[PDB]
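A protein chain is absent from this complex, but the other protein chains hold their places.
Which chain is which? They are A, B and C, in the order written, and residues in each are numbered from 1.
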Amino acid sequence: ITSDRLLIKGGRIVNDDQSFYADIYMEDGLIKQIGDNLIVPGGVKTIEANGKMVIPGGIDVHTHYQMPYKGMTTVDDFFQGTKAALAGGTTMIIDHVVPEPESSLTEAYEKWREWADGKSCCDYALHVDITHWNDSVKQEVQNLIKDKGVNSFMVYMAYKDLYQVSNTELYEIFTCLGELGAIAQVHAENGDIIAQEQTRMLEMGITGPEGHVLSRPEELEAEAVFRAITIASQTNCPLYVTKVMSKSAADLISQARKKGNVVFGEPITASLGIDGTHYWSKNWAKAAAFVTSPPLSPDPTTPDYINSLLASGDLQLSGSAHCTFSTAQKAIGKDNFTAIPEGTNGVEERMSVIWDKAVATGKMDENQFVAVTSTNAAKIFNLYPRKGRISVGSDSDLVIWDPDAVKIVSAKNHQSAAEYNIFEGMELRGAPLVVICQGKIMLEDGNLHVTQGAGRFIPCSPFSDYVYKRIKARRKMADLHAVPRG
Amino acid sequence: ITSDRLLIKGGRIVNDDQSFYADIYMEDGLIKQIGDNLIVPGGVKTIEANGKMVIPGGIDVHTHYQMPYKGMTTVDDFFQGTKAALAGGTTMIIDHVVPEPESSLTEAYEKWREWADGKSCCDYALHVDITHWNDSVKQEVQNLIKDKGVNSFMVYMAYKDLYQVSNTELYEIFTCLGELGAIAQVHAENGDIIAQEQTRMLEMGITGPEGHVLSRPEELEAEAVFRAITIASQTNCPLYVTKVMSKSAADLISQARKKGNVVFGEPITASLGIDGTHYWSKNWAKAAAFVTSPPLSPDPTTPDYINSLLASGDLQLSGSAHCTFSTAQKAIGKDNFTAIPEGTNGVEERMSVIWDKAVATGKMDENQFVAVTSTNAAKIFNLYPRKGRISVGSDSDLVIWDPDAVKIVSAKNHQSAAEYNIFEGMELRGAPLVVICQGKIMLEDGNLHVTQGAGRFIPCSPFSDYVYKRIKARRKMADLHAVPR
Amino acid sequence: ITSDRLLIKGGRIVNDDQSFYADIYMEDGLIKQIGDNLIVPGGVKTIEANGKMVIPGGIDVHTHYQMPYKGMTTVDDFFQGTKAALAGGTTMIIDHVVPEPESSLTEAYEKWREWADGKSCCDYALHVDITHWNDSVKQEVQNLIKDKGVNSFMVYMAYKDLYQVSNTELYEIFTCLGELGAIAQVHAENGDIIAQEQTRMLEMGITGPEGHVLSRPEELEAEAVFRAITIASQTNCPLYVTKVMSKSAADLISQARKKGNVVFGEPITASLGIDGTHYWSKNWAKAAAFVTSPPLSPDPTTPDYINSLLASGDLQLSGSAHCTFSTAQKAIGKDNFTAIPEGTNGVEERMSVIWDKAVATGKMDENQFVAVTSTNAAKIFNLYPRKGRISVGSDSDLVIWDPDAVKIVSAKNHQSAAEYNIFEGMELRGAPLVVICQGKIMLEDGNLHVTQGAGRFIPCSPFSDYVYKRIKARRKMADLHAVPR
Partner (left out) sequence: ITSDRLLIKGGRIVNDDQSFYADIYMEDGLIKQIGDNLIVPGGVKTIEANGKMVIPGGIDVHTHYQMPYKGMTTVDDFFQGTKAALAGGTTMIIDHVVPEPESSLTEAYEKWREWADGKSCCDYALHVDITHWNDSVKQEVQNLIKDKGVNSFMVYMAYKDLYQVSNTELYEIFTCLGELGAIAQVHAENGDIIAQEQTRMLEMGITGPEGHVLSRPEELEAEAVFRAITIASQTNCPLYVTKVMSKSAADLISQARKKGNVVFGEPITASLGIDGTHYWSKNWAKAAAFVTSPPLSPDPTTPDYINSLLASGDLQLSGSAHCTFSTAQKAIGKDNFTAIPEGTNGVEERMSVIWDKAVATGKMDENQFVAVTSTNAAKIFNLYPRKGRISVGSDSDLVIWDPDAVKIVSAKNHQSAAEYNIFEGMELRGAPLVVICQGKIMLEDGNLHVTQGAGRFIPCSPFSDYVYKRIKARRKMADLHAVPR
């Protein structure tokens, strides 16, 4: 875990629970001291913060680095993708292991570990996607939680005849994951109806990217979410809705939380920063750059409403779902949108987008910003307070943040290998100046200083208090009752 | 269609759109004249209304008379069940044809027609349940609409491995029924989750009727409805949600209608009049009397909220889902609730319940009462204004109604063959005095005067304007843009 | 009354409750016969409808013809304003009597009748605005309902120190009007907060029309509505919200109706057809053409939503609130928006707008279009079925309507005296071909054939069943007595 001593002076420290002035001293990957007039060795490297903010580093809970799809890989791998993370203030990522149906979960995990251990600039952890379900899979799941530092698995309600699962299967999986202390994630979209609406759009000769969005209107995201929430509630399992893109999906989550259901919602940079009118762009490749599932909503009031609910705590946390394909790989579907590979950028811009859209607009303050950028992630995934908090003993991943900075986003300038950036030409308030990860300065003066494979896998235990205390209480509370009769 | 000519004087006529004083003259099953100082043949029978209400007769859009179950039948057949209808002011019923899976739809319809033509006291029509789906069934559906006077079909989202249908099947069926001009009805409950929750309740040794309601909490009715509404909307098909029992199911419908979706909701006497606390009764047979699906809600604020949303038009119409089994037949599940046959009473009490609960409580007036008891049914099912309206040319089925009457309901008294009445001991304001059906007096002074088989089948054409005009318009606009590149 | 005989053949008749093919025969201002192969006199004028629609004529429940303003008058008087009504398919109007504070209500009514009796092309009735309250005013109100054919009064929650009323006053007025059987209308906006926000905007140097809309954001409309609905409910008085312009106001109404509150909502042409982005127009006179209160919302999603709720029955009826001022008169406030006179056009375009926006877009069908354009107005204001219905005995005001017609709106072609039309350049689907009022053809081939003063005042009795049956049930239901202790 070795790093130099590091001292940051005159900083204003912003955590999710309060802000305060103090100096921070770091050593060997851990924060050692916080306060004034700190007693420290001489000739230690010192950064002068001058009252600029110091925050916990971002935790992007959703990535797809160098993800397999049909004999291709996404263009940003674990190395270049995490450079893109650190560039934008994110010091940890959580990626999705995707086993082939009938493939082994554990084998896919080993493989993903090898890729990541070897290339990642920063710490990371892993979700494991359950792309098919049967008795051996159920055993692997158990083994991954016990021996492998996984506590999060994702099922698919979409992709009919590929990954899609029946209602019985959902019920059995949520029952299992709940019993084991895991988080049940969902890709919540109704694959059965989408299959029909795709065929209808193609019969109507709408093969461009506009047919992607039109074949998955938000009604079908909504339905899938309502069903998942229902089943998660019958099986007393926590649910986590990934990639929240529509208003109606976010209402349902808000509505379910108020009722007392244990549900989390994960908007992504895309839904928080832009909308879906660009599927209608005359430039085909630009339209295809936005193809991701679920799609960006065409209702332009959507980004504002999603930031409003992230501000209110009705959505709890943000990720990016970074999946990047080259113009060339996207072109594979130039005659049929269903063949366009799905994914966009967003890892580098996540924090800037939310600051620009939710903070600078007076929706949330800097403390709730930290929450939705790192601190809630940490609690959900059982990384708290090691991550998502500046306090003594916590890992020394953190960021000096400039609320008055202004940047234009361009593909010209971004770390991503892709030629397109869906936020191209956008002007964002708020950006990082300095990034420390693992106690080491990894960004300063617009220069990255990274090392490939430095990142460690962070094992995530199950049963995080944040998620499971109310579930435990409900389990034990339960005493159903016969009516005793003659 | 022959009847004696009949004259009702001094009546106050209540239709869904207005009330007014006038005399009514009838002959040969049709209303012939309305107004004052009417001219008539000699020796015509006369009834003196004395300013009491005269309304269109009820249309109960949901029955299961003499419905097959395990080689036995529900105890109220088409004859005795329709006696129970007329006794409570209902002059027409719409029953559900239930084909055995893999059985023919048309064959089941022929068979139902024979049963009903032969026994029914009053006019009737038929829904056809689509209990399984394939290329042949699709053809029967088309034939039934074209040649057989059916315009309403019901799918099941519940009864996994018995009638249950996949989402792909739903989509295909709504697409078909929409194209053909039919009403798509749903039993909206999630069969997949109920199967698990049943097993869990039995593993917990809850075999009594309380396990029936606890294995189908209203979350699962709500989900099924949300999914059905969603699919019906993608396929531009009108949807009709049967047997609305919960507040959450009724909110979704209210919510969908506001947004513009073409959706109807059908509460039943049971949900409108009582609640589900009686699954917990220590008397096993009383608890089982309430076993119906979806179940009565245990949340006792439910009947009041359902009447409130029927009042506000967020639910449009009422039926009874009358399905009666003897104590003996219910007992089949005395060791396991999943073997208890599903169904309750309600045909006889429907109009009294709604009057007592929604009118006498000031939620709806007498005109909206007529709407939810007859006039809206007629419009949905394309029977308007022949039924659900007192005007010249309309069929002469109608009722002299006493708003000041008060009755106690009991099994001791009711037309039903069943030994139990789920509304037992309840006191209801509002009841019929006289019922005319087909132009003939079928109830007076507490005596029924019926004839078995007198009822006619009423063919129901598709594309009712009330349901389909907005659907037709939408297809038209349903033209699709593309980007040119 | 007296009019020639008139026969309209081959028409498709559209009422709120059904459509059907039949011929219509008229004589002396009344519809005499409906059906096929009508037996009639020879050489009667005949119109060939050819399967085009025939509807009841529009009833615009909100107008301000030749309304007094600071020694001005609005530019469209009772004659030219009703020509504009008929030109767009409206055959009746209901105008607002506006007494000067401390002036007599009855004196203002006498004056308004003289104006209207003398000039109006078509039948009409009157709302009476209560701009001040005291013991005497309470007496005039009673007298107007008993002898003068008024049943609708409007209070103001805005215009602080002009017409504005306290909560105590609201309570006393609703209590009175409810007891008397009247409809309580409201201008629902919080005058207290607007006064502040106006001053703040002016101190900020925002004197253009954009300051009008910015000084009355919809939050304040919403608050006034909530408070009105609350008080109406405590006092068991029906409430009628005029000029519904915002989404949040319409949600409250929808929300209140679902609960069972007796509340009606009146959107107007402006809110149904266009939005408020035009207060930001750099052309000053165009911006000022939209100045009305409450203002058009700047949220461009608003017209679509208002039509959606009018479609769903959550708003029941439409008017125009026609109040037109010349470019000159508007210019009075060119240095201070609070001096810009308030009002816009809309009487001529109302039916076309709703058709274009709500029917041709598949939101409502032709039958609900009739309801929101005439039939609901008639029931609320106690004119049904004399108006808002094509049936024997009803008045012969009606319209042959072309759903496939398309018109561009411009002031160049409109009947209004004003130089600006807030719907300028808009293309609308649906327009009238032929308009019959009073049994006489008043529009055909693009020519109006009117007569000044031909219009009759229609007296409107209180206690319309549609509004008051639930109210009466709630009074009579109340049994409040002390807990014996």
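Following the convention adopted for this analysis, a residue touches a chain if its C-beta (ideal position, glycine included) is under 8 Å from a C-beta of that chain, and two chains touch if they have at least 3 such contacts.
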item: Identified contact with the non-displayed chain, of C:168, C:410 or C:451; value: C:168
item: Hidden-chain contact residue, picked from the options A:360, A:405, A:417 or A:426; value: A:360
item: Residue touching the undisplayed chain, where the options are C:190, C:302, C:344 or C:373; value: C:190
item: Residue among C:28, C:48 or C:219 touching the omitted chain; value: C:219
item: Where the missing chain touches chain C, by residue; value: 166-168, 171, 190, 192-193, 196-197, 204-206, 208, 210, 219-220, 222-223, 226-227, 230-231, 233-234, 280, 282, 284, 480-485
item: Footprint left on chain A by the chain that the document does not show; value: 17-19, 254, 257-260, 308-309, 311-314, 359-367, 379, 384-385, 465-466, 469-470, 473-474, 477
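One rule holds for everything that comes next: only the chains that are shown with their structure count from here on.
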item: Whole-Å gap between the CA centroids of chain A and chain C; value: 53
item: Inter-centroid spacing, chain C versus chain B (mean Cα positions, whole Å); value: 39
item: Between chain B and chain A, distance of the C-alpha-averaged centres to the nearest whole Å; value: 49
